[PDB]
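Omission of a single protein chain aside, the complex is shown with its protein chains in their original locations.
Going by the order they are written in, the chains are A, B and C; count residues from 1 in each one.
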Amino acid sequence: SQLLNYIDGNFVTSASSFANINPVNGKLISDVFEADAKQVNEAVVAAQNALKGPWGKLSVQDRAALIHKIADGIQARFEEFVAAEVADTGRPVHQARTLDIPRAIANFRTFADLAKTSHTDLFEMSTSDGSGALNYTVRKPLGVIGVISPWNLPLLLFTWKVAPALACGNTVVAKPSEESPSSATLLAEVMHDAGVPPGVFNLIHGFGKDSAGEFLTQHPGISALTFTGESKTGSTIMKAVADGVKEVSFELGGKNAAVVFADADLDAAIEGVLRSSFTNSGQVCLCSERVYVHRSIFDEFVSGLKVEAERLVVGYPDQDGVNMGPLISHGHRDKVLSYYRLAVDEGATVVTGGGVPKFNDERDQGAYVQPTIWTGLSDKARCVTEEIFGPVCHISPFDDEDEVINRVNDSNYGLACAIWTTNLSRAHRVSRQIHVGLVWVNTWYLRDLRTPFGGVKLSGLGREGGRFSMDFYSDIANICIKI
Amino acid sequence: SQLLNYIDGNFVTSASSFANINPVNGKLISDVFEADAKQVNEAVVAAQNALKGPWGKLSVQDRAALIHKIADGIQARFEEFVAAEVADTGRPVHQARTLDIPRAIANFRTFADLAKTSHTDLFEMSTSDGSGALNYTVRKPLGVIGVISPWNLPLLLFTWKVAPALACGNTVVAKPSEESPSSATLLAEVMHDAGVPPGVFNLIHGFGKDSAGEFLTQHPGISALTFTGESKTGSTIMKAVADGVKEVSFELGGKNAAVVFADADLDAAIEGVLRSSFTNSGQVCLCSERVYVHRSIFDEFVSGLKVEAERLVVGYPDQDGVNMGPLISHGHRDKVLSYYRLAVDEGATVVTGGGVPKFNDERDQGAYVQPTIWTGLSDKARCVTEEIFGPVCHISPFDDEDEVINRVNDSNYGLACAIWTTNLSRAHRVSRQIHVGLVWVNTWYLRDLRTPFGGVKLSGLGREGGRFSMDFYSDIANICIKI
Amino acid sequence: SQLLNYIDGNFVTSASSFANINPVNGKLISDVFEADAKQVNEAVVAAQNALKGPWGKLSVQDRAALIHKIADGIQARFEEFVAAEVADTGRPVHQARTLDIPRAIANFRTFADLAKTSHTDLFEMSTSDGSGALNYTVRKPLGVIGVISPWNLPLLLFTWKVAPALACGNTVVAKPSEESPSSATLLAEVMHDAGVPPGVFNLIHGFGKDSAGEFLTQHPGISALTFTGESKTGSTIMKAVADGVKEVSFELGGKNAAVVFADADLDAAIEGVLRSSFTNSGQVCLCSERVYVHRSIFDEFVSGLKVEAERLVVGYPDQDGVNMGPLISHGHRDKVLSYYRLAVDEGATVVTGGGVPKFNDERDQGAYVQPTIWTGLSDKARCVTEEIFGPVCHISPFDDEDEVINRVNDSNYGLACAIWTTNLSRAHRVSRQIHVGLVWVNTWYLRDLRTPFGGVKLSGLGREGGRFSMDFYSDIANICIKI
Partner (left out) sequence: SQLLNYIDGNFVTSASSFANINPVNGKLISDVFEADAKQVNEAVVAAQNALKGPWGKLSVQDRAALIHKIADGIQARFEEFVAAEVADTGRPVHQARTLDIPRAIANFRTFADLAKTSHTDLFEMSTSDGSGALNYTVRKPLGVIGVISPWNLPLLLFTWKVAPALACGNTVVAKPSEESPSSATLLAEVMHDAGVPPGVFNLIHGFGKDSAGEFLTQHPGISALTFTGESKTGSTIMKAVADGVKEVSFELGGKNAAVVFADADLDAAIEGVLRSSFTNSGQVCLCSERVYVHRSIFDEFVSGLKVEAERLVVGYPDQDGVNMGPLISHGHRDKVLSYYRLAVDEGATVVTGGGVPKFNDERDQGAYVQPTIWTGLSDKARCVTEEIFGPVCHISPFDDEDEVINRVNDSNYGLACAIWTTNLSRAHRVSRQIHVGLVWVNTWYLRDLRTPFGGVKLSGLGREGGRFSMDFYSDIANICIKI
């Protein structure tokens, strides 16, 4: 497979290519052409020009119809996108079929609909002469949106940004993770086939520092940079755009906690924490890598989770009953296993997992690790405070509600939290005190696309979703008429 | 000993003081104690702790009531605030009495009221199991808000940030401009007398780089930094908070245009542009330093404006009929005069002004300049493209509507624009094509505090005002209940 | 052709039928089975029951998709719907193709989208015990919506009610005008073929008093009655539902004015008033039957409008260049002609029209009248104060802006007004003073479906459109959780 850039209506190669590797077996899947600085310029300039072309003349209704046409395009190639997403990342086929590709479709449809329904405000005011004035606001395209996305939910996160950007009339220069370039490239094909005017959507491949990613953030021609990824990368991009004072929107992961209270449905909570720790092999920014369980049910909770975790099938994306594929790459697995070691050095008890499974086939050339549970670490351990981004959790007992709220909040991060309790007052009382952008009670990662999505502290800045995306991806302009 | 810091409920001095100069005559008004890094730490920690004190326990109704009491406290000492604002800045006593102090009181009242009325959102969704779920959002205090304000509308802009910060339940560490520290110090005494709990509002004095401003900016304990001032300082601040990924809100001035079309009420447009160019001696981020006038009325407009500008009385804040005071400082005076010279060098015709008036009294030791009108420069002239922040405007003819719209938008800034026209279609057609955050038609700087206020490009990031401030100064949290 | 009721998923006849007459030539088009009280009761009960079936279990997104399927079904038979609407009413084919059927399809799509995007409110509050409470609101189906619609824009107005009813999860019993039953019956076929569950949508044919309309109105099983038609009829319906305290929504026509100021674009105003007076042969609740024109342009406006009126082609629905078809029925024509003589008796100058065209072919057996302009009546003339609902307008001069505002507002109706002026202040200053639900400036009947649509005084009560429909066709419930 060859994966090219898509710049100003055309697919183009580059001076340099890099390998896309399948993490299931270590095999080469494709050569990917790295955009250089010149090509990034070309994309941004094309994006700037396209804003003054046909795209800029479309009614909101026409624009929304075309975006639905994009989403029809993905649906018409549904299985091709499933296969591309699975090949890049090793994620289970059922996950790609139920979470990944459908969400990418729903992202475009949801924001296409919002572009049609959304309106703005009218404020009337008195003036000293008695004639009054009126202020009204409009939303306009911000301009060229730079989009930089990660490899953990490639098409979902890539379209989570591209859909609202296009729905708001912007043009886009978008750079997918070098680890998972395939579905974004098929998306370029869908755009092209749907007749999206040239320059409106541009796809550039490559890495971050000293590559397409960095060149994007440094380009004076963009009006905003939306990014999901590692928190320190957020800081770097924020510095990079500072001289342009570009608008920024960041979701930057975290060190999320699950809390299980004594009145929880215990079997429900065990299954739910199994899902929150090990979904996508723990490679969701929302995963619970810290878990607090009331002392009175701690042992029974830990025993039950150990049993469920050792029932997880780890293997081929299409394997019967598969629950976990590999990590995204050998590089990421190096990081995760170095934390597996660190946990033991910090004095953890390894409840289950802690290494890599032996398959006695090509999966041994892949990037698999075992689902892993720890117990016995202090709230200050590095494995309990630093984002690992693997299929792991540490479990600790607690006694008191105010105490556990403090321990959950005692973090430089604050993206998400999951709480288990059957008690009505506790759900609402505790949830509002957790210092994060997203709380789930008796579930996890349940998404209504209209809700504000973002984190606090090192976990991000701004919110996206619903009207928060409609506001971020638009110039909000106030027009005051003296009457 | 004159102007003290206010930290954790105590007025405190510092190791070093600096002079506050009266720009009317260059005399010393007061010594101001410069907060050092330790004192800035102390203020941030105290604000962090106050979030856990009784301030954090107030209901929204009680918090609002207390904010109204701060406003009452300003009103109670109205004329003292006027005298402080006038002493620091030389602004006309009438301006301080009508624009500055009332706006500051209205800032607290409007955001107190919005604190009580504002509400959030309820989203219902279906789920696989048929029982559904609820997402609802809440606003919570962001935490400690760092406020850095400029010297041009001292109390107005300082309260513009402090009022919504308090209304949203935050605590505050605020650093007013070294040039105009008096009214913010009186506001501290007002907070004290009102019984605002210690730590909730903290005042630190000093400069930017290597002083209280830089320190505030780099402190890990703040949750956001809101700033009004020069764009390049905005960029410095954006880099400073980047490692903490702190929320940011910037309004950074610009090079604003006024446009007068042939069908304007000519007398009103001349009066309007006289106000937009010379109010506060041209020291408002919203002033029109570039003016475009349809060729059919260009000479008449220039003639009329010249006559009106030369009627302006430049003098004492309590001078009979006074229109303009001095610039804020000799240092700012030097910048402005550097531009007055550059304008001649760039080939400008000096319709009026272009130097400093000769008063033959103590005003000669202050920082006055003349209101100045230029003509004959090209759209690329430095004097036409760089923010001067003085009482000056260049006037250029135009012929076509699409032409003038392009020349207005050909700028790295985009804060505000004023359009003069009596034509219904043109007003709405042209206003929506101007790439700024704020357009006024047939008026200027007419303010409804509910409206989104901010700029595009180098002129800012984000919006404040109304629900935009309620959002920026709050954590927006989403809570999802599985049923 | 025979037109059946549709009740509980089955097309059914009745003991009695009535004739559907083509107003172009007076010929019989169809027999229509009249629903009796007994069949009305079956529809209401089937609708109640359908709330507890599969319909009531659809997620909002699934309900919206099925509603888009209804719209797809109409589109798939677009030309059949065009032919049906034309046959019943005589409207020009081009109007059916551009206004009527497209708006019916748009009505369903607009409200299906609003069903997906709309959300409700979250209010937090403090309590005595310091634990606080939460109030959240939800939208639920009101229950069974009774829909009674008029003959002037049959499918347009029929679906304007049925679309939001269904979108909000209600079930429906709908009674279209006896003059225009055909497209409603086609809509019933589309609903059936789309798989809309039995009892969700019920179509009952008949008249008002002592027939289907009245019986629907009197049935205790409905939860609301939405109605567009004659004002006195709205009053009757309001009395009929009073004992059940049913929710009601009425749009009741009016005696709308157009105002042409001295600075109007005269040719555009002539064309605009031509359209506002004579569209659909003046059979729109929104038509201008009163026109005020500034004295300085009155003679030229009257002359220009006479020319354009006499250029209108009055003829067959598919005749080349046709502008106007007949009135809906002989009965309506008797009413209109009655007013035409009354105008003469009241002292009117007949500028043009005032009678019936003579075709010397089968159209003479139809229900045609001529477009008619009057001049010289006083503001108290009956022909200036009572809604005629034919292709007529009276034109009167004025001198003063406040004067004409008073004359427009001096009416027992207040549905719409159209104003013509090129002046920015005038447009906003005048529009806000007109006591109507809807003002247009320099256009007429330009519809954005998100806007509140409705009248004041005798012209209606309640608003529909956008969120106004979502609120009216829903129970709004507040749920207060003590924490």
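The rule is simple: a residue touches a chain if its C-beta (ideal position, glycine included) is under 8 Å from a C-beta of that chain, and two chains touch if they have at least 3 such contacts.
Which residue among C:19, C:65 or C:481 touches the omitted chain?
C:481
With the full complex in mind, choose from B:116, B:275, B:330 or B:407 the residue touching the hidden chain.
B:116
Which of these, C:303, C:378 or C:443, touches the one chain of the complex that we don't see?
C:443
Any idea which of B:32, B:424, B:438 or B:458 touches the chain not displayed?
B:424
Could you list which residues of subunit C touch the chain missing from the display?
Touching the missing chain: residues 121, 123, 125, 127, 133, 135, 137-138, 140, 223, 231, 234-236, 238-239, 241-248, 250, 252, 427-428, 431-432, 435-443, 446, 448, 450-454, 456-463, 468, 475-482.
Could you pull out which residues of subunit B are in touch with the chain that's been left out?
113-114, 116-117, 119, 131, 134, 424-425, 428-429, 450, 481, 483
State which residues belonging to subunit A touch the missing partner chain.
57, 59-62, 119-124, 126, 130, 134, 136-138, 421-427, 441-442
Keep in mind that, in the parts below, only the chains that are shown with their structure count from here on.
At what distance in angstrom does the C-alpha mean of subunit C lie from that of subunit B?
Taking the average C-alpha coordinate of subunit B and of subunit C, the gap between them is 50 Å.
Find the geometric centre of each of subunit A and subunit C from their Cα atoms only, then give the gap between the two centres in Å, rounded to an integer.
47
Counting only residues that touch at least 2 other chains, which ones in subunit C make the list?
119, 134, 424-425
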